[PDB]
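Just the one chain here, laid out as structure tokens, in the form deposited without ligand 4NS.
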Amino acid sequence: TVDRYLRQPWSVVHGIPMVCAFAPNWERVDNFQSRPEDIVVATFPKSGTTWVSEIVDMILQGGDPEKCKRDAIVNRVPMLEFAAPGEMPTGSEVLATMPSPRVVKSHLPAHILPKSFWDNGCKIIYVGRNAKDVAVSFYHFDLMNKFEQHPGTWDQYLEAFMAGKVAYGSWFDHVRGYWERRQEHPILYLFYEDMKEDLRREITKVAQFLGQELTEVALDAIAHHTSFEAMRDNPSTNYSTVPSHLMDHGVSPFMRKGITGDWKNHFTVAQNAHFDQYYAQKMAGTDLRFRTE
């Protein structure tokens, strides 16, 4: 019954391209009832959502791995806007029966994140990643995720990505939006590259933002269980339990490569030069900066 929604071109909601299966009955997102205690993990897709979600859930468990093994991260951290009409309950429905503090995954741009989150002052942890690696990760993600419009070739996908036509829209608007919205809201704004550089440093910042104290032992336990290699091999976090007819894990696994700089293995010389010129124009007039190396 969900099949008619899969592998369809993007729908649109509030002017933002949307996963086809997610777009119907969008009032469930507009009118989502948040709780003041909700923790929002917000990202442009493929920017480290799963990685930070597992860290957050681990902090809430005091660093105990086994409370995070009992269920897959897609059930422990539902995505707000997820829907699979006729096969699965929506993310919003699932969240209503979760005890507090709810950890809420979402990829919505800040200006269409449900206004309840802003009015309850919910803590938001945003994760940004450099646009080149995001493009690469999101291309391979769409090759394997049947919810997505098929991306065709990489060169055509990169063009769509730069023009903000992919699901959830313009990367440039997405990352700048949450960067500026911290002026009126508590937002911890993390960078994927900083987490590659020094993961324990970034865990400590997440912990302080959530008001949690971590012993030295728990910090090491969290870092040990959120390494790329650990999360790739963990069935609870590597999405290998998602059914085959929704994600073709053989095309590309979710825990694909987990590095910074895989763009160098995908951008052609020409694509790289054209991207850099366009990026520099788009990112002028913001102090927000990312690292590609």
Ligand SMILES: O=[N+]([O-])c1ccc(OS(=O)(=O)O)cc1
Second form
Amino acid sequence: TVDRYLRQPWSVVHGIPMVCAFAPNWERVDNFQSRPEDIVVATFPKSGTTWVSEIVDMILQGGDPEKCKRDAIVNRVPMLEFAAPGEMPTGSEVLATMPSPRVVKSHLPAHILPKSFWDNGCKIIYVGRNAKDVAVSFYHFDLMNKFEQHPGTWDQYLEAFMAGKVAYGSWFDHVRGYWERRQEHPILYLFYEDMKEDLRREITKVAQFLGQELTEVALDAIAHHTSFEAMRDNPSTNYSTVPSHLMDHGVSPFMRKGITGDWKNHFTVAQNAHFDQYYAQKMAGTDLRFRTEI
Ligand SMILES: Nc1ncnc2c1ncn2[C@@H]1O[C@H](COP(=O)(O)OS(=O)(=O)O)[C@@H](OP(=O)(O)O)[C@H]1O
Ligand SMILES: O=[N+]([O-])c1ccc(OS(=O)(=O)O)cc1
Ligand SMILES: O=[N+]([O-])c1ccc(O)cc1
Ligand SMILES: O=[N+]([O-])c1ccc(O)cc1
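What would the structure be for the form deposited with ligand 4NS bound, given that what you showed me was the form deposited without ligand 4NS?
Shown next: the complete complex, the earlier chain at its head.
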């Protein structure tokens, strides 16, 4: 029943390209009923959502890794806009029956994140990642994830990415929207590259934002269990439990490489020069900055 939605071109919701299966019945998102205690993990796709979601869940579980092995991360931190009509309950439905504090994953740009989150002051942990690594990660994700329109060749996908035609729209607008919105809302704005550089330093910031005090032993336990190698090999986080019909893990694993700088292996000399020139144009006039190497 979900098959007719898979591998279809993007729909559009409020002007933003959307995964085809997610777009029907968008009222369930516009009218989502949030709670003041909800913690939103918001990201442009492929920017560290799963990484930060696991950190948050481990903090809320007191640093106990066994409690995070209870279920897969797709169920522990439901995506707000997820839907697979006819095969699974929507993410919004699953969230309705989840005890506070809920951890809510989403890729929606700030201006179409449901109004209830803004009205309830919900804590948002935002993660940004440099756009070149994001583009590489999202291309390979679209090769393996059958919810996505097929991406074609890398060069054509990159053009679509730069133009903001991909699911969830323009990366530039996404990262700058949440950077600006912190002026009116409690947002912790994290960088994937910072997390590669010093993971404990970023876990500590997440714990403080959540009001949670970590012993040194719990901090080391969280850092040890949220390394790329740990989450790649952990069935609860590596998405290997997703049916192969939805995610072909042999095309490209979800936990694919986990580095900063893989863009140097995929961007041609010409693509890189052109991207850098466009990026400088699009990022002029913001103080927000990303690192492409650490
Ligand atoms: N612990 C840890 N350390 C380092 N890197 C990590 C980690 N967990 C996930 N990743 C990498 O993040 C990419 C997945 O991003 P998301 O989780 O945002 O994907 S999604 O939007 O939720 O589908 C994807 O990046 P790439 O490997 O570059 O494709 C994952 O490998
Ligand atoms: O993709 N980025 O995030 C990106 C690209 C270029 C850039 O600066 S440059 O000096 O390498 O052009 C910084 C960040
Ligand atoms: O996080 N996710 O599972 C995703 C992310 C992007 C996308 O286009 C579809 C699903
Ligand atoms: O939980 N799931 O089955 C999923 C979740 C996200 C996704 O992109 C594809 C499948």
